[PDB]
Amino acid sequence: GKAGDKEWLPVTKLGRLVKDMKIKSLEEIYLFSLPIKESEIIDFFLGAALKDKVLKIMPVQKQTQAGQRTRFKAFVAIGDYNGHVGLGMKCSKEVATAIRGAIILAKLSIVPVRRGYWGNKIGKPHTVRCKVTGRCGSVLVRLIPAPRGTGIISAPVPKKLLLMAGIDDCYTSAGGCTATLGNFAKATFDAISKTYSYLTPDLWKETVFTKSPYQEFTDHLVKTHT
Amino acid sequence: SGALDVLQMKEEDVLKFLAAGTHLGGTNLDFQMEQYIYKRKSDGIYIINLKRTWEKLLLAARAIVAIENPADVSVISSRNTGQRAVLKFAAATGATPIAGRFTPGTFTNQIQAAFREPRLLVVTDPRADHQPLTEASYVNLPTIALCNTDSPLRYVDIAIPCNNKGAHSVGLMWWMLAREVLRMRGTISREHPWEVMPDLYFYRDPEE
Amino acid sequence: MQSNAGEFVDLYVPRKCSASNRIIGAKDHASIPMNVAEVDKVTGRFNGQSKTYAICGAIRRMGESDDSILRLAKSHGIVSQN
Amino acid sequence: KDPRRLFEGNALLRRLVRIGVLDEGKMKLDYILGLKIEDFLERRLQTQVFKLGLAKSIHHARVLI
Amino acid sequence: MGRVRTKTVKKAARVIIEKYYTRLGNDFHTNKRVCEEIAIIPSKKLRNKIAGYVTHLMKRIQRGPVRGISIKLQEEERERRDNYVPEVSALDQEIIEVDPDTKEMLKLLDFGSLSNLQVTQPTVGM
Amino acid sequence: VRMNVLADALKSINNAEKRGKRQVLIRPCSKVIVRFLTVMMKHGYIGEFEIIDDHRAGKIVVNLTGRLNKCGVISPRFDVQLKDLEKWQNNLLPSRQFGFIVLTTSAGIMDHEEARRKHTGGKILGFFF
RNA sequence: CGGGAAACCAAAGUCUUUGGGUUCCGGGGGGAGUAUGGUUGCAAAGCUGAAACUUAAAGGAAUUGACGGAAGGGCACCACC
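Protein chains in written order, with this note's numbering: chain D, 1 to 226; chain W, 227 to 434; chain G, 435 to 516; chain S, 517 to 581; chain R, 582 to 707; chain A, 708 to 836.
No lab work stands behind these hints: they were computed from the structure.
Heads up, the beta-carbon is just placed ideally off N, CA and C, and yes, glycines get one too.
Incorrect hints may have been included.
[As the list claims (entries may be wrong)] Label-pair restraints from in silico Cβ distances:
hint	chain 1	residue 1	chain 2	residue 2	range
1	D	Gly4	W	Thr360	40 to 46 Å
2	R	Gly693	W	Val232	19 to 25 Å
3	R	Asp673	W	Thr360	39 to 45 Å
4	S	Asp555	A	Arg784	46 to 52 Å
5	G	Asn438	A	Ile758	40 to 46 Å
6	G	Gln515	A	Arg784	47 to 53 Å
7	A	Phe785	D	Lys56	41 to 47 Å
8	W	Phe341	G	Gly511	34 to 40 Å
9	S	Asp555	G	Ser437	23 to 29 Å
10	D	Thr207	A	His762	45 to 51 Å
11	A	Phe785	G	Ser509	42 to 48 Å
[To be verified] With a cut-off of at most 25 Å between alpha-carbon atoms, the simulated DSS-like pairs for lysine-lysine come out as follows:
hint	chain 1	residue 1	chain 2	residue 2
12	A	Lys728	G	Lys508
13	W	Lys265	R	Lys684
14	A	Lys725	D	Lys131
15	W	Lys277	R	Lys684
16	D	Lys124	S	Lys552
17	D	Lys194	A	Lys777
18	G	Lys461	D	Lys205
19	G	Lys461	D	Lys24
20	D	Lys51	G	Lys461
21	W	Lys391	R	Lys684
22	A	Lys790	D	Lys131
The whole structure should be built from the sequences, with the hints applied where relevant.
So this is what it looks like as structure tokens:
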């Protein structure tokens, strides 16, 4: 392809390390729990070859002095196929912007997924380590590990998110007003993200850990400006 | 002791401290601060543990060294009593500054003109400087702080108990920190005394 | 996180709080650790060589990070009679 | 080792292998779990009569058969 | 009142003053000439309105520092003023007068010191 | 009043670990509480515990690490039939792989893995992971 | 902390990670606390309590205007003075 790459320039030290080829995977950020404020960071480290699917469009509105207003809300999900996903909702004047912003929002939110084995761990993880549930304003989604070939047993919208996350097989049960899509996807998003939070016995032991690329790269991440 | 000797108490300092009336402590304890407390004076007031106030201050100092780029430790005060105080600390040690109206969106929010990515915040009143203490907790930055007996412990790791009701107590403690950090990973050498008069830290104010 | 032939799979092993032994997970940016300098004994002379602790969002929001540091710093020095 | 699991597992496998549907490492249960439809579909006449020239079409194959 | 200077004007005044203080003056007539030299302003009425408000500022600045304006010279002046320090004030004069317990504060702190006792009475809340 | 004593001990624990606590004082304790605390201990989910002897019913101090997501109690103590154990662990355990259902059998208070190996069964006490 | 749709709630917390004891009532809205039998009552009435039919929303909460013979507000001789 040839369209003339932009000229991203970074606000953030985390960003400088990334462009410099100093940070190479999101994992570094995730382990450090560095916050990510520049969307390009996500874009350079992953996202390249990460596909975004727009989930919904539904319009809303609120009342003006001289009567009405109405605008477009877009729900976007992003993820490779393996282990990374994000979710973003935006409402804007125009569909394109709503989608364009939503994608940006989704990327900022990208989250780790811990994918595991239903039980006999051969040939790499097909499902989830444990069972994790997430709730958003009365919708709650529960993910359950399942045997191979089970696949994603969820509603179409949820299947799509789980798919991008890179889950092969998982059982789901959903309670609450499933109809209100923004809520259902949000809860499922919380559910998947919760997998990293689960502490299993595998995790029980600790570690010099890390010094943080921010510290080692520190000079590197104070360029020659101010 | 610990790191091994000289580093212990020094009457000379316990003298400056008592003089500056640090240990005097707030009538309202607060629960998370109970450890600092030495004893309660009659006629209500609490005596802070200067020994404890001391050691933590040193522990603070050490955390300020170990940051490599000294500029990116932010010393902070909106309180008047601590304004010249922090300005001085920033002059000596690298340490960039944030006095007065902290300005919200300084840690979160790239776009802004006071955008800072410190690796360490030192705050003087956790109640007055609550904004900086909150913003810092939106972005993984450790916090040293000025705490009297009744200060918010939320989102502050490391306290140095003071008096912060005021006077020279806020002056001395910022002074001693800069004095301590220059000693460590600096170049004072000889955790011997000051060519700088501690008054240089201390609040200014008005005029007739 | 082994796989079939003792291989290490998924993608990372998170750091664990220094106070609660609970996963820092991964987007909770209301949490940070704290590198304490080692001293070349004797005194001063910051010499590296960090002594380091990581504290969870939880502990910090509950108005600990500080003490936790002290149990942490004294138990392994410096800090005595705290 | 559970007489029920042993006696019927081995049988399911042996049945699945006679038809070529399944292969040995598979040829344990842990592998059938990780299997699919093509694997059966591949064994019908129709596609074989193609698969060795004697049809040149999955087409031709079915009308031949 | 009816003449309240708008930002486009007020901004320019803060602006010039920040980069022009030692050049500018007390008098409308001259800054007005100066705005021609140091700025490109499209209509004459605007340039006048600017010169005029910035002069009202200079008149004020030259009588007391004004809420949001900084110039190199004013920084230097504050700097010099912000030195003062006498015979010095504490002393505190021979002997500190303590409130005791604060006496017991030193007594049980292993610390010599000067002395005086006057610390009794409780002690109502509110 | 009190029907069971286990349920209190377990809950007390769970809230300790949820707070970020590293110790608890449970009251009042029992042979069954000890036995359950013990199965937990063998597996790592708690540190060491200590039965203090008031001249009454006991008080226990448990020192806990933080490997514990949850330790629950099942009431009532349903009877389980060897192929209802398979059904229980699935109902209430995170992955097939880990976490234990702990029940009481004629041959001792045990985690269900030990149950499967002995080849005995009984009535369900509780769980953890 | 945590709960809840929120308003809120240290209990309305410890609820999908759903299991401390026990008791009661509800399953769209109207028909209806109505008909009918029983019961209690001097009486007035009370308790128990349907259906046929009717209908796609009834309802809750928060958000925002519009609007007020609600409160403080202003502004204009298209308002008064």
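Verification of the supplied hints:
1. D:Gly4 / W:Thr360: 40 to 46 Å: 42 Å, holds
2. R:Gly693 / W:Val232: 19 to 25 Å: Once the Cβ atoms are compared, 22 Å apart, the range 19 to 25 Å for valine 232 of chain W and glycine 693 of chain R holds.
3. R:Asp673 / W:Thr360: 39 to 45 Å: At roughly 40 Å between Cβ atoms, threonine 360 of chain W and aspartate 673 of chain R fall inside 39 to 45 Å, so the hint holds.
4. S:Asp555 / A:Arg784: 46 to 52 Å: Holds, since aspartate 555 of chain S and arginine 784 of chain A (Cβ atoms, about 48 Å apart) stay within the stated range.
5. G:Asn438 / A:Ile758: 40 to 46 Å: 44 Å, holds
6. G:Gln515 / A:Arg784: 47 to 53 Å: 50 Å, holds
7. A:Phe785 / D:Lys56: 41 to 47 Å: 45 Å Cβ-Cβ, so the 41 to 47 Å window holds.
8. W:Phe341 / G:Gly511: 34 to 40 Å: 37 Å, holds
9. S:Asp555 / G:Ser437: 23 to 29 Å: Given about 24 Å between the Cβ atoms, the range holds.
10. D:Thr207 / A:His762: 45 to 51 Å: 47 Å, holds
11. A:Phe785 / G:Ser509: 42 to 48 Å: Given range 42 to 48 Å: holds, Cβ gap about 45 Å.
12. A:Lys728 / G:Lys508: Since the Cα atoms of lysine 728 of chain A and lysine 508 of chain G sit roughly 19 Å apart, the hinted pair holds (cutoff 25 Å).
13. W:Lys265 / R:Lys684: 13 Å, holds
14. A:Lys725 / D:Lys131: OK: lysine 725 of chain A and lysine 131 of chain D at ~19 Å, within 25 Å.
15. W:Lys277 / R:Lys684: 17 Å, holds
16. D:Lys124 / S:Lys552: 18 Å, holds
17. D:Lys194 / A:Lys777: Cα-Cα ~15 Å, so holds.
18. G:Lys461 / D:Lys205: Given pair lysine 461 of chain G, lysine 205 of chain D holds - Cα atoms ~21 Å apart, limit 25 Å.
19. G:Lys461 / D:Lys24: 18 Å, holds
20. D:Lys51 / G:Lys461: Distance of about 21 Å is within 25 Å: holds.
21. W:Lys391 / R:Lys684: 20 Å, holds
22. A:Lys790 / D:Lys131: Measuring from Cα to Cα gives roughly 22 Å; hence the hint holds.
Of the numbered hints listed earlier, not one is contradicted by the structure.
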